[PDB]
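Peer 1: Here is what each chain is made of, one letter per residue.
Number of protein chains: 4
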Amino acid sequence: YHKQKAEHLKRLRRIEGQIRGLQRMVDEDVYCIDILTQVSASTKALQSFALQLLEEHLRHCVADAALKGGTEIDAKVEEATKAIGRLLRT
Amino acid sequence: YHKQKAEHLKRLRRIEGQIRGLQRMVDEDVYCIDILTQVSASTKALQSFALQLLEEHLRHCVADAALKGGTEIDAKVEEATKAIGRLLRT
Amino acid sequence: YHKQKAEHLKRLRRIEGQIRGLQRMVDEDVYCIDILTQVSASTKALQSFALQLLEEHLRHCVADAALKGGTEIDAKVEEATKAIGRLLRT
Amino acid sequence: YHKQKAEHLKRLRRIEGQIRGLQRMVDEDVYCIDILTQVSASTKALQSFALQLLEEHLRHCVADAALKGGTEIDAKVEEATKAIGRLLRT
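Residue numbers (the authors' numbering), protein chains in the order written: chain A, 44 to 133; chain B, 44 to 133; chain B', 44 to 133; chain A', 44 to 133. A prime marks a further copy of an entry chain.
In case anyone wonders, no lab produced these hints; they're calculated from the structure.
Among the hints, a few may not be true.
Copies of the same chain are indistinguishable here, so a pair counts whether it falls within one copy or spans any two.
[Unchecked claim] Under the rule of at most 25 Å between Cα atoms (straight-line distance), these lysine-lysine pairs were calculated in the BS3-like manner: (1) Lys46 <-> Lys125; (2) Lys46 <-> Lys87; (3) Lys53 <-> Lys111.
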């Protein structure tokens, strides 16, 4: 958990780096297509971060499944599926 | 499994209907923005179909982890996460 | 316009082929991850089709702005941008 | 241009705010679904920012179209279409 946490924070540090980069590009009147390229890179990084958190969550649901009971499993999977739907709509 | 199969087939019949609709739109020189609106409708229906299949599979995976114990179903979680990543690009 | 129309129709024939393929996959109880891979392939082909239509329309819009002058085609730009936004959600 | 610039910077300030929020959530071991919700909000904001820059760019291509010539119009539209494709793949 500690290793995964450190890795998540490092991914978000990178992303905030990208967003600071975007501000500097806008400030410096950088050609809009070059900015769009960096926007797409930042969105991709966020998506990759989201998938890593989802995978870790699903792994936990697997680890704990025998303790939870059918109702709680169904509710966790319904919730994850909804989060996946919201992710898909970006 | 048999009811879900019927429901999967009905979704796909409607999607094929939408694609035939796109064909007729193109054939009839319909304004391209209206055509794009229908492309969005079709991709949305495909994504909704994907999410239904995903929910059912993830339900099976976690239920199977409860019945069998251990974390071997983690392989299936990783495979699902890769599938979601592919959906997210497209 | 006639050649582009032919090329639009051929893209859509192939997409309908893919959807019939999904139907047979479901009908034959194919493993759901393989089915998702084909859903991704179909959504990707739809997006590629959308981008072709968009390129052609934006070419027309800018060429028409050159021939006529002024900025009245800005309405068409806003309408296109809204179409792209809809595609991006789906 | 100055008003659009200020508006772009304000949008990116908001987004960096969101990313700082994500770091705090991870730091505080916030439930992963709540984090995913905020990831999706941040990706959506980036997409909305990208669309605003694209619209502004297309408006400029319209304003300048009579000065540019057919070759340069085609190249600008091809480039925008590619950027739109890259946007779609997030």
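Peer 1: Now look at each hint and say whether the structure bears it out.
Peer 2: Outcome of the hint check:
Taking the shortest Cα distances, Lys46 and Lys125 sit within 25 Å of each other only across copies (22 Å), while inside one copy they are farther apart (27 Å). In this assembly of identical chains, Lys46 and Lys87 lie within 25 Å of each other by CA distance solely inside one copy; the values are 22 Å within and 29 Å between copies. Taking the shortest Cα distances, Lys53 and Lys111 never come within 25 Å of each other, neither inside one copy (32 Å) nor across copies (33 Å).
Checked against the numbered hints given earlier, the structure breaks only hint 3 and satisfies all the rest.
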